[PDB]
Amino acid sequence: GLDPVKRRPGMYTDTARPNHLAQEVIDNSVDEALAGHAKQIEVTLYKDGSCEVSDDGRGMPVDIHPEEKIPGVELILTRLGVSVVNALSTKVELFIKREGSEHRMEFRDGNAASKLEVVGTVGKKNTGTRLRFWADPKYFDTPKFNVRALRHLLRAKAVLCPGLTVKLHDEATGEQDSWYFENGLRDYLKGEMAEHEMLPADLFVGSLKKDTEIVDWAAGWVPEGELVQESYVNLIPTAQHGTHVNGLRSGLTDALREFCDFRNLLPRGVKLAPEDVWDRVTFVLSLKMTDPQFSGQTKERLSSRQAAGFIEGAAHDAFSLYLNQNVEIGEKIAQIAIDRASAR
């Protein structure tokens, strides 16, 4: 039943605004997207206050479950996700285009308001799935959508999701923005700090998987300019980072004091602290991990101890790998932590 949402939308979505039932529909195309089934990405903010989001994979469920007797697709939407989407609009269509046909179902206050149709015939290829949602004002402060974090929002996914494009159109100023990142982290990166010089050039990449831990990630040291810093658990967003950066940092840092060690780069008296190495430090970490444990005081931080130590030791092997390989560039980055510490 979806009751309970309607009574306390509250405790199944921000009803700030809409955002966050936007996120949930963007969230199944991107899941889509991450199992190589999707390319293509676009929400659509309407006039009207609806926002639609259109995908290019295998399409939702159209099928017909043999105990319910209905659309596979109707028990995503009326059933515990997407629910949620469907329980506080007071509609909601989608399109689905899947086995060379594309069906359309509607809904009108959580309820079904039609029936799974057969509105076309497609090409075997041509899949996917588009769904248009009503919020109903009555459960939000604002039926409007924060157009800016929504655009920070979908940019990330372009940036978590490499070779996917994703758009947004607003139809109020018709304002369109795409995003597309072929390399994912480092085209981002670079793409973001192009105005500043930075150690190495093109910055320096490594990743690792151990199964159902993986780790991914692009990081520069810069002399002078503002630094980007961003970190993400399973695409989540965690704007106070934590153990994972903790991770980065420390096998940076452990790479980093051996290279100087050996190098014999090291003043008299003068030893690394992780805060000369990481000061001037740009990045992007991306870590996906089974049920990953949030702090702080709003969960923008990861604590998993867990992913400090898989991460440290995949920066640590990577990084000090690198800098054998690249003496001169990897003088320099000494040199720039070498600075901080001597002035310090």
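Positions refer to the first chain, counted from 1. First, how it differs from the form deposited in another entry.
Of the residues 75, 266, 183, 301, the one at the hinge where one rigid part turns against the other between these two forms is 183.
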The other form holds:
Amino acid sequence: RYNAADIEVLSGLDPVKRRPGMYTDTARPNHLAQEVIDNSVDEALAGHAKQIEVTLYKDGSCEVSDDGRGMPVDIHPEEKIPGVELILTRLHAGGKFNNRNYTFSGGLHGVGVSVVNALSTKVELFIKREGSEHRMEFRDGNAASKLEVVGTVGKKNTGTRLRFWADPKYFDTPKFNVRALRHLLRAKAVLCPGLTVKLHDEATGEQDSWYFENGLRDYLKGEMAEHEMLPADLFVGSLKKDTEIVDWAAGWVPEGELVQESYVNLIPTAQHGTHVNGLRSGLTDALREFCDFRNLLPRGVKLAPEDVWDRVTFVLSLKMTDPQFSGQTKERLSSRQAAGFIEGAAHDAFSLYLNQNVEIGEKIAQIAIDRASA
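Give me the form deposited in another entry now, not the form deposited in one PDB entry.
Next comes a single chain, given without company.
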């Protein structure tokens, strides 16, 4: 029949092994690498790392090296294991449930690295802290070694280096999408100024290396260099509040295909969420108030946000303490705070731009008016 005994409890990393679809993208191990990139970028965003180096080995493994603080090797006071063993083997264990150890961290669930380990036949990592370099190895998510000291290092030579071999049984294909991972990694250098990011595909000999201090405008200009945007130089804005920061570059294109990237604590949000909603409302408000204060609007036509957005190319990078994502892969942002904050920020900053740059704003407005009439 049906009793309490028929209720089974998955513990440790087993929930990830039995249903990985809810913890990662099972199409490719790219998002597993992303999880490791993110923890390195989070160290970078906290002013502790200045270099992320990603290597795609010919044996299918991927490795991420940062010069951040290194994940703790110390013994957990109420968990009996060294921190790294705890981090790699337990769900909902992480340093980012507060805003003490990381301010604007991409990681929030304490699940990321553990998913990598749970879905990797092998994980080998080297941590450098307190003058000593350590090594720990895992197999099929289980601890495969002890906390080894492999060498001595300079006191301030710190960092985490993690290399994982994705188990092909959990994925439609074990092959990495290099173009996507290349694009992803460069944007991390654009969005975290001062961070040097390198990628090395040992299968093709590719090397790439990025460093940008103030490059959001030039980043989006470069991604649509073939197309004619207006303003030709890409309206950019910003707003800081030490709990929320927003940066964006936006343009309107009469012809061609649209770059539309959005980010939350440097994590890409493919289905965009609420922060993109605020940018649309704010830009729309500033544009329907510019069409009316100047009577650019034929009569009978009213601008819907859809008309504003149909031909926009934007790059939105929001940073906030405690975002709210809909899943571990973090594809849309559902924080309701974000919609208003960006709408206001963009509404003020675009209104000033238009009343300062009247002829350009008209040419913007005509693109929206042409979409609404249609």
